[PDB]
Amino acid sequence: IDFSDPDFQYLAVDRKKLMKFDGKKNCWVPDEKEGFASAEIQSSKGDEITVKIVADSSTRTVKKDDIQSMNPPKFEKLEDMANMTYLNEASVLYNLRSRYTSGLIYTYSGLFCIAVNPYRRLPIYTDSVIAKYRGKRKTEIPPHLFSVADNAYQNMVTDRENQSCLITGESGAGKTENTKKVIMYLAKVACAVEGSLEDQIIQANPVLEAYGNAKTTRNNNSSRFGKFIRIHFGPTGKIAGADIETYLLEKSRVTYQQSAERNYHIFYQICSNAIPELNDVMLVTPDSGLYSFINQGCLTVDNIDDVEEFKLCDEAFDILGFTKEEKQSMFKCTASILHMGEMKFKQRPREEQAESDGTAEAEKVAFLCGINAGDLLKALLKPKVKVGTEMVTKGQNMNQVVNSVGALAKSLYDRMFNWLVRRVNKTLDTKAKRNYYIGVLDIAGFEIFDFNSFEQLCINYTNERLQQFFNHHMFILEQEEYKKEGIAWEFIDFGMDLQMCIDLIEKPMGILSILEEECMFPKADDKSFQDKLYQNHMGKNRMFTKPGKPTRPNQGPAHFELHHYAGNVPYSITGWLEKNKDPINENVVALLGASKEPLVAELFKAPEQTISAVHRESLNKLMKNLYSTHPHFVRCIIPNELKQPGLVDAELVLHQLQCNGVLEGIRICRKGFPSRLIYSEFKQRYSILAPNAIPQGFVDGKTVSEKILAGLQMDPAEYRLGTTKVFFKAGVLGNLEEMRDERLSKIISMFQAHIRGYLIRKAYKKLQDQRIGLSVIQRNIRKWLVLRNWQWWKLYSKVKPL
């Protein structure tokens, strides 16, 4: 249970302090600065409803359908919005900032577990707290991340099934931190008895942070890659081990950076001079501004100590077991990507093709890479293309060459990072057998911009499968419930129209298909790719439409609109071709293939793969796993674009919720029988609606209910009767509420009126009496007056003292 306990300071709130409203007049209205607004209806003129806004007291006219139902105070800061009488855009947005401003950040909403970024550390993640969440159901304690994780663990042991926790959300919404916490908590409740294994699940973070993280306008330690971390357990439920999986790493970063943005921390640590002994091993000069692959955006970070973090990164590797030879191979390869960016070329000898302008850097590169600057540059200028039984020497200019370089850098980095991840797994892997696991996912959630490119599609298309994964689940849980209550009906899975958008993209005729195909061809371009797209899919697919225009002030170019469950998204295919396939000297690779440096060697060995083709493959892998597990969903949300705590930007939050999964989770769920009470509660709440119908003696609760509804002239559609509880279409309980208050009030008054009748009626008897009373009093006083004022009386009455 719970009371005043300190640990529950930022979890629960004073239910009594929240304890210190007309359904017909109170409601939500759209406000441009606050999303919605509280309002009291004034009049109506059809669709023309006019109201008053509590905050400024003004007036505005709003289309009836525009108006959204408001919840009674009875539902303030409700822990799980799945119970709120009115479940919508506004009633949700409200219940969210309300809690968040009171310090609350974990709010339930069905299967979801919405977590609003604090932007300040909180006393919620303490050991003692950890202990009161151990083994407790969710309705048995305040909404908390720990419960999603715990209820996950005790679900694994109890049911003997793999578990999957899916954290999602925009950038900077705090999903990495959530994931770490999830992991910590799992390690803190299933410990085993270099360093401890879990110590390494923990130290893997640094090195990965150094290569997958970077400072971005949104967040300061942004994971720029998707991650699927699995944690394995033994038969006694303790951690057997782990392993990792990455997804879409931001290769782009390696050579470009926007204003107020750095490259992966590693590059800056590398040039921190925190470990002087290595500067020579790497050939680096401890001033980052000097290098052209990182001197673009900013170089420092307010909360990042490019020097400390580097020393720690170093130890992390030592604690991970990487040999010094390995750790340094990494270091060398990384440093060499700084020289590649400081490798310049000349173009106009007398002939008009390119040629190197110095070797000094090219050499430093070839040194750290283990090659021949001669062979290197020779190949970087006049490559050896190959086709059939002939290998030609193609010439390329500045552009083609400088772009080749950058491609080599990107390619190298990706290859490297992937190796590192595989490496780390080798560590974190165990040679003991594992019974079951629980995997934590964490990839950027759906997001739409003014300009959505190939990247955005890749991400949205992903969450697309992901979201479809949820709907499926909901669909399953709904059925088992209906079947449970002998009331199962008109169904079909929720992952339905989610499938078409999906096929339009991953299936054979699909979009990504046209992109991967058009990439084997030489002189193909936007227009050729664009052509083929419209060709196969235009005016033939409802999900694929031509650009309609702007739904927001700074939006930009677009070629096609994709109908995602989150809404139609304008994607511009400009660049996709160059982006999908990674041009790199098939030659340079041959040279680095034969490098003498052991790591560079692994990095470029020969096979027997385009971005789009790689991802859909490793995504197929993922989903096949996720579907063989038991879901849990954690929706991360950013309050504002100021890292300011408490500040809540409505448009921003409303937005997220849309592509978040919540509002759809509400919708797919709305088509069933959302609001559902159990006959007991129904009786003690709605008997007031049909007193004169309840035979009198404590009858069975479904009969009381079977009657209240029957007598209420309840339309069979609006509801359906379980065996344990009664289900209702959405917002019906709403009507049953208003209808409940009108009556209750009227009943009271009818009683107050019966009482007033009792009184008066009682005084009647006295009024009947008092009449004759005053009737006497009045009349006599009148006789006496005429007497006294009689000419014969004063005369007479004077005629006698004698």
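What we label the rigid core is the largest C-alpha set whose atoms superpose within 1.5 Å from one form to the other. Positions refer to the first chain, counted from 1. Compared with the form deposited in another entry:
Following superposition on the rigid core between these two forms, the residue from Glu250, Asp649, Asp375, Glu245 with a C-alpha displacement of 2 angstroms or more is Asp649, and no other. In this overlay on the rigid core, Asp127 has a C-alpha that sits 2 Å or more away from its partner position between these two forms. Core-superposed comparison between these two forms: the C-alpha position of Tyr100 differs by no less than 2 Å. The rigid-core alignment places the CA of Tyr413 less than 2 Å apart between these two forms.
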Contents of the next structure:
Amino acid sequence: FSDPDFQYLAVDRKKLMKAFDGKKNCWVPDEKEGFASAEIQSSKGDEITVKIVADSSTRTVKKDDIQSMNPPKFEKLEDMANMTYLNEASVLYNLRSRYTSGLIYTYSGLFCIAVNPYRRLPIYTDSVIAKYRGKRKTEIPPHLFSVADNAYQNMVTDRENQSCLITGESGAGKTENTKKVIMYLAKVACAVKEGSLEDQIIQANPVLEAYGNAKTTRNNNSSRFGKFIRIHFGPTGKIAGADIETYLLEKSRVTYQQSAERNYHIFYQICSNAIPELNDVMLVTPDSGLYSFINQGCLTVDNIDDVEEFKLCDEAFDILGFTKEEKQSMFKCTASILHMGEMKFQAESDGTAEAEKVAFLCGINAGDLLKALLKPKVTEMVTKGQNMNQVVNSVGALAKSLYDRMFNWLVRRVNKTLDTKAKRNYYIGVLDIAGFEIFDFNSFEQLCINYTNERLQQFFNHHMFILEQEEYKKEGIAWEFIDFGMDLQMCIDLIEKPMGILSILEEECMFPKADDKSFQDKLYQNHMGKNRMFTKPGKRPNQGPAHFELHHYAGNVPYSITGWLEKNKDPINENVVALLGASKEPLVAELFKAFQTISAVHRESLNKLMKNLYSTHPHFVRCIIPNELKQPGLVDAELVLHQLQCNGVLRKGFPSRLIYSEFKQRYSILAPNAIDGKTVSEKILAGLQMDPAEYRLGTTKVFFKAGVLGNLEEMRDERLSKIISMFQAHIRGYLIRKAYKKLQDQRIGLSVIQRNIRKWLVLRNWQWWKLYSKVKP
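Requested next: the structure of the form deposited in another entry (the form deposited in one PDB entry having been shown above).
The next block holds one chain only.
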């Protein structure tokens, strides 16, 4: 490699990289750095004593919790699949090493890890792009880019669909490298008011992001919704078009913020006063902290300029094809919500001074509205009364619904501006969606996000069991005692098939009782006790109340059915709807035109998504968050390890393996008659009376099936300790034999000295002797 700006961007090894013995070098656990490099000093069984290389200190550590260190031969590697040791300790290393040096990418084997910078990096430039263009994953250093190429490459020549699902925690890098993958794939395959299809595709983020993203402690720009953009290519491998598909907007945020969070960015920028010539178009007063719906949490995200992100937003509309009409409408309806929020009011209307702004914006009447919001209608057709709450939360629902109905318009609208009918042949659809989140308290909100992931966790697993079969044959074994996967469909069925809680909360919303036991029971009586996953709540940290409990891939999660019916349908004053439905605003009217619960709508949104992905040859990018504080170049010891345990570190009920070598150097003591690497092990089992199905003897390693290994470990430990006893009885029996002649002679000794004395007495007791002595002069 020669080098323009591959520098603090890609590998960088001639200006940095310039004593090791894998017998004393190893990693021990460290409460501070996760693990720590140290040297082994002494042994005493399960008490391997060592000196901490670093601070040169001393401590004891179980021979087990110690982990092998990789020779310096693999420092800052680029395919941790190559390292000698791909274990839990060494992986944390090779990544932190790279991370501190600003390489922010790594291919641990068939993956593409990506520790978040939290700093702007110079590695996405056109120069760098082209230096990555067309190149094989190996002739070029790790980098998101080539992750996308190999897709296009394969798409073109392998003629199929490609998918790059980027998944990480929150604030990791997902909704970031997702953009780079579109922006790249578009720098390379270009085709040629309204801007360029290229420009549009790209520009269509500040909008979607403007309405669907907000501040979360974890992340200033958290993506409150899922996204799945496809990118089709023409019969000449050119961008023929793209189509978006957002999943599960967080309706609830529109009116509430946990402290330390903000509402969807826009709202805040709308009061930014970026385009003053609009304050009066929306009736807004450039002040965020003045509208109850957006000022509940923090009002500003450090390093996120609203005024600008506003101007940039607007611009974006221009380029998507939006008009001055459509555009401004968007804003208006958005602006309105702020006010829908201010309508003050047991008590009924307290002033109407603002409720009017809402009246004007949505292009309908102050009277009709302000009226229906208190005295609405409905087989019988009546009029009802609503109180202090039967109205406030009635407004809450108004806004949310609007913002929601709106968002969908925004996507749908955007999918129109890039619907060009150029001929389509294969697509490269990136997918940026959140992940299995399990809060202290979990509801319908969470069951969704998660259920969604459940199906995704089966896609990955389906695809991993595939390469499995590809390791099963190279080192040539067919080993099909496949029997598996059921446990993942288990939770999957219980969540989407007909009789699952997911059609119940859907038909139990048709049934006109709609009360929370009418459902918080329907399930029970249908799945309570009748499942392995579904179970009554458990019993721990600071968790809230939870009704049924799911056995998700990531684990068991408690769920609260309180108010799901409502959360599932859309409880707006059907009264106001039609009031809106018939309006003088092209949007509002459209927004409320002439099934669809939040979930039979997801049922498909998702059934659809999968059917796409399963038509692709996937590519995974695992984003990892380095630390809470968010400063670039830092590593939260644990935090990382944690993540590294939930993706691909290498599993779920598959047969384990061992290079034939190491099987000898570990389990030979088990079948002791041997003295060739692979034949040594090749024997042991046979003699160990091993049932032949429990294993297969491929050429590089041995594949075992369950705890067959664990059964060995267990056997080993039982044996190792018997020998030890045996060697001890040998020491024991040796002594008893050393001290055996002294044992025999003494018996002669204690016979001379009893008999004699036992005579010498008789004699002192002999009448004659007595006499004799009396006479002894």
